[PDB]
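J.: Chain by chain, the residues:
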Amino acid sequence: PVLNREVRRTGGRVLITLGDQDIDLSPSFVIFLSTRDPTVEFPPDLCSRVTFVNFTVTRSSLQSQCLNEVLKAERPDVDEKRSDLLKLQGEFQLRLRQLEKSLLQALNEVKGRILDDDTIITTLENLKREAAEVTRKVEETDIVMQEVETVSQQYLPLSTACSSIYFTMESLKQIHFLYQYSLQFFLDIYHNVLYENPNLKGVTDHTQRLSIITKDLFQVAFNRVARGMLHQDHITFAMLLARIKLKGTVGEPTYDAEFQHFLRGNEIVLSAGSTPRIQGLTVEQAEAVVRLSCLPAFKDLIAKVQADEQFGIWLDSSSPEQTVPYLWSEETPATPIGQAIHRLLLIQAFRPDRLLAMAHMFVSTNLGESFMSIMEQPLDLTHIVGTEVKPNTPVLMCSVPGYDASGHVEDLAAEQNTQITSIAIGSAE
Amino acid sequence: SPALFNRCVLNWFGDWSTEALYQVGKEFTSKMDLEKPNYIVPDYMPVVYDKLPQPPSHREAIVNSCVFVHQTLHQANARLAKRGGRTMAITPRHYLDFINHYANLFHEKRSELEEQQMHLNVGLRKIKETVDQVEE
Amino acid sequence: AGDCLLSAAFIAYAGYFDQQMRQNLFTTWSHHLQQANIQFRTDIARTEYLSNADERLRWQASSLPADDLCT
Amino acid sequence: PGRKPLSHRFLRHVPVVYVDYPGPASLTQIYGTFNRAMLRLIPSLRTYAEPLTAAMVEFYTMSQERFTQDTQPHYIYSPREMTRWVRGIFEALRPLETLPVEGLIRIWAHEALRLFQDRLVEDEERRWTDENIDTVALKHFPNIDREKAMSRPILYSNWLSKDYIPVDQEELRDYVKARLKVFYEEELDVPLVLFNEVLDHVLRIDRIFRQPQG
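If you're matching them up, the sequences are chains A, B, C and D in order.
Residues 3647 to 4075 (full-length UniProt numbering) make up the first sequence, in order.
Residues 3082 to 3217 (full-length UniProt numbering) make up the second sequence, in order.
Residues 3504 to 3574 (full-length UniProt numbering) make up the third sequence, in order.
Residues 2718 to 2931 (full-length UniProt numbering) make up the fourth sequence, in order.
Think of the hints as simulated: they come from the structure by calculation, not from any bench.
Treat the hints with care, since some could be wrong.
[Claimed, not checked] Here are the simulated DSS-like pairs of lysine-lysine, each with C-alpha atoms no more than 27 Å apart in a straight line:
id, chain 1, residue 1, chain 2, residue 2
1, A, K3783, B, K3190
2, D, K2898, B, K3112
3, A, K3783, A, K3727
4, A, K3757, B, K3209
5, B, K3112, B, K3132
6, A, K3733, B, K3190
7, B, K3132, D, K2898
8, B, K3207, A, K3757
9, A, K3757, A, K3747
10, A, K3861, A, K4036
11, A, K3747, A, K3783
12, A, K3893, A, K3861
13, B, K3207, A, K3774
14, B, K3107, D, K2721
15, A, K3747, B, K3207
16, D, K2894, B, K3107
17, A, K3733, A, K3747
18, A, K3718, A, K3893
19, B, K3132, D, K2894
20, A, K3747, B, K3209
21, A, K3757, A, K3774
22, B, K3112, A, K3774
23, B, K3163, A, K3747
24, B, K3112, D, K2894
Just chain A, same shape as in the assembly:
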């Protein structure tokens, strides 16, 4: 009855029925229904009686948030112009109207005295200037809009990369139960790369600042995520960031078919007609060759391996991924990333044991060399407890069962000459 807003108005008083009870419907009464679960299927009876106000953060919402943040930070002039454009609809008109009202109330107070002229005149002229400014703003609207459009198009790939990075990081919980990451974590990462960037101390060119911001965002996100992430999964996150950067980069093919074959397409029905090929190839190697040759770039794989004489030597090399023979057939030369993808497919086919190693190579060909080099170094987490960690945020030190992590924090506390109240939580006291 409350949602339906039924009113049994009788006797000059407003009424409403709640069960058997009758209750006066006091004015200025509003009820705000709320929920915490994004995925709830409400019945149509309830759906018809409420206005759904959804605050759930999505890809577009985070993309817009990142775009606004980077526009405010990198280009304060463009952000100021956007704010001026938004104000020009009603706020500037309201300000002009209030200025005119002040003029009217001053003029009727002074009765338009010729001695008071000057006090009027300045106000009048200032008002003109204000309107002139507004007039200029309404005479340059389209130019400012197209400039803002150009800047937004320039900064859009960074926002898309930010949204994709956050959602990969959030989904990381599927791999392991300990990879739970919140939105505030990614917002802190974004603010740290945007403002506290040691690589941006003197860079001035907007495109250079944008490129530095993108590279440092990828690097910082990977470092902060992988610092609390198992060593066997660092390569997975690096490959995911490489895929995100590849989708974001321009002048490169999407490599959808090759990536799909690498991830899922390797398991397809192609067992029929699995010839032994050469003595080096085994049955599983022959099957992998058959599957890989389904791709257009590898349709001549059979002849390519059979003709080569050092291919058998390459199969028995210690590190095949270092020297992968040029086997794929392409009409036009490809970028180094396409070369890395094709050699990665070859390594998945021939000598899968080196795949992980070659995966690292692929990252160095996509996200740059030494992308994982920070991981190999010992944890210099004194910087991570000085900054990058707010006092409200605890520092969880999760160790593999059978290892102790209290040593690192105790030595850093001794180094930082700050006391620690170490407590064992086994007992009830």
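Keeping the supplied structure of chain A fixed, place chains B, C and D upon it in accordance with the hints.
T.: Just chains B, C and D, lined up with the frame of chain A:
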């Protein structure tokens, strides 16, 4: 349950049709001042098959746009259900809410504009009086 | 008239949808209004039409995120 | 739904008989008895008792072959529908006197519409129902004209007159619009508009509110 369906005369109270939405919008926006004699009749934009005039006026165009908005919400829900899901049913209650919001917003903004214009006219008259005073 | 129509349709129908879906619905409505030759203010941003600066400042002081979706 | 199978230890004692729907012959007999009893109110239609019943059962049979529960969960037909048909015809004929065959066929079609046509969803089902209704009406009443049948609305009301009489749509719509205006003026607090579907549903609800066990 089939037992409930028996012993009861069944009546399919189907969803509001396009003509029903058009009539609801027209009789709920009659008070609103939407008469524009300088309306330029466009091409296409068909939503209600029985458009009251063959060449629509401004009010009929507005009501047709409103029923088009409701139909687009229905189609958006259908598309969202097609690609994934997680949708909320759109009902004639939503249409009445939209029409009431339209009426209230139009009246409020038109009243504010009229008040500002009347203030501008009052200011013009007062400043003309000040002009006469200055000439004196 | 067209601007109020768009704003009311947004605040009544365009709920529960993400930002992209809201933008798509608003674009469809504006395209229809253009097709119907209905004069609505071009590229109108709905944030300040339905809420002036002082309400926005009060909301920001009321612990509200500055996201356009939140506004 | 809501039914649990009986235990075998209990079923061993209780013989069960499957009482299926009465057949066309049984339905003809029972509702011909009912129609002969009802038409004794108006003697001039007594000789029409036997064919009318047949038409009814025919429609029912057809209305059972089409509109299966697979299409919609509420597409269930039983002799209870036929009983409601007979009761509605009897309620319409109760106060009225000196009715030609025309009125009998008109109320037959009206009750058929209100029982079998308004439960359907798509327009195809409704058009099929209307065509088959007038087809069977002409099949079992050949000498009669289509006067009962080209009338597309076929509406009944007793607000305009003292009893159930066929009324034209325009003046009933005007009366219902005035009553709706008064209703939302005093009882309701939100304006109510009257389109064609509202008028049809109001007529159906009124008809239900008049019949016994409605």
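J.: State for each hint whether it applies.
T.: Structure-based check of each hint:
1. A threshold of 27 Å between alpha carbons decides the hint, and for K3783/A with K3190/B the separation of about 23 Å falls inside it, so the pair holds.
2. Between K2898/D and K3112/B the alpha-carbon distance is near 16 Å, which keeps this suggested pair within the 27 Å criterion.
3. With a C-alpha separation of about 10 Å, the suggested pairing of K3783/A with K3727/A holds against the 27 Å cut-off.
4. Taking the CA atoms of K3757/A and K3209/B, the gap is near 12 Å; set against the 27 Å cutoff, the hint holds.
5. Straight-line distance between C-alpha atoms of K3112/B and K3132/B comes to about 20 Å, which keeps the hinted pair within the 27 Å bound.
6. The straight-line distance between the Cα atoms of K3733/A and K3190/B is roughly 17 Å, inside the 27 Å bound, and the hint therefore holds.
7. The straight-line distance between the Cα atoms of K3132/B and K2898/D is roughly 25 Å, inside the 27 Å bound, and the hint therefore holds.
8. Between the alpha carbons of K3207/B and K3757/A the distance comes to roughly 10 Å, so the proposed pair stays at or under 27 Å and holds.
9. At most 27 Å may separate the alpha-carbon atoms for a hinted pair to count; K3757/A and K3747/A meet this at roughly 15 Å.
10. Of the supplied pair hints, the one linking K3861/A and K4036/A holds, its CA atoms being roughly 25 Å apart against a limit of 27 Å.
11. Note on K3747/A and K3783/A: the hinted pairing holds, with a Cα-Cα distance of about 22 Å set against a maximum of 27 Å.
12. At most 27 Å may separate the alpha-carbon atoms for a hinted pair to count; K3893/A and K3861/A meet this at roughly 14 Å.
13. With a C-alpha separation of about 18 Å, the suggested pair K3207/B and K3774/A falls inside the 27 Å cut-off, and the hint holds.
14. Annotation: proposed proximity of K3107/B to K2721/D is violated, straight-line Cα distance about 53 Å (limit 27 Å).
15. Restraint check for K3747/A and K3207/B: satisfied, since their Cα atoms lie roughly 11 Å apart, inside the 27 Å limit.
16. Note on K2894/D and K3107/B: the hinted pairing holds, with a Cα-Cα distance of about 16 Å set against a maximum of 27 Å.
17. Taking the CA atoms of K3733/A and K3747/A, the gap is near 20 Å; set against the 27 Å cutoff, the hint holds.
18. In summary, the hint linking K3718/A to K3893/A is supported, as the alpha carbons are separated by about 25 Å, within the 27 Å threshold.
19. Using a Cα cut-off of 27 Å, the hinted pair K3132/B and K2894/D holds, with the two alpha carbons roughly 22 Å apart.
20. The suggested pairing of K3747/A with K3209/B holds, with an alpha-carbon distance near 15 Å, which does not exceed 27 Å.
21. For the suggested pair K3757/A and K3774/A, the alpha carbons sit about 21 Å apart, so the restraint of at most 27 Å is met.
22. Distance restraint check for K3112/B and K3774/A: the Cα-Cα separation of roughly 40 Å exceeds the 27 Å cut-off, and the hinted pair is therefore not satisfied.
23. Between the alpha carbons of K3163/B and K3747/A the distance comes to roughly 56 Å, so the proposed pair goes past 27 Å and is violated.
24. Distance hint between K3112/B and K2894/D is fulfilled; the C-alpha atoms sit about 19 Å from each other, no more than 27 Å.
In summary, the structure is inconsistent with hints 14, 22 and 23 from the numbered list given earlier, while agreeing with the others.
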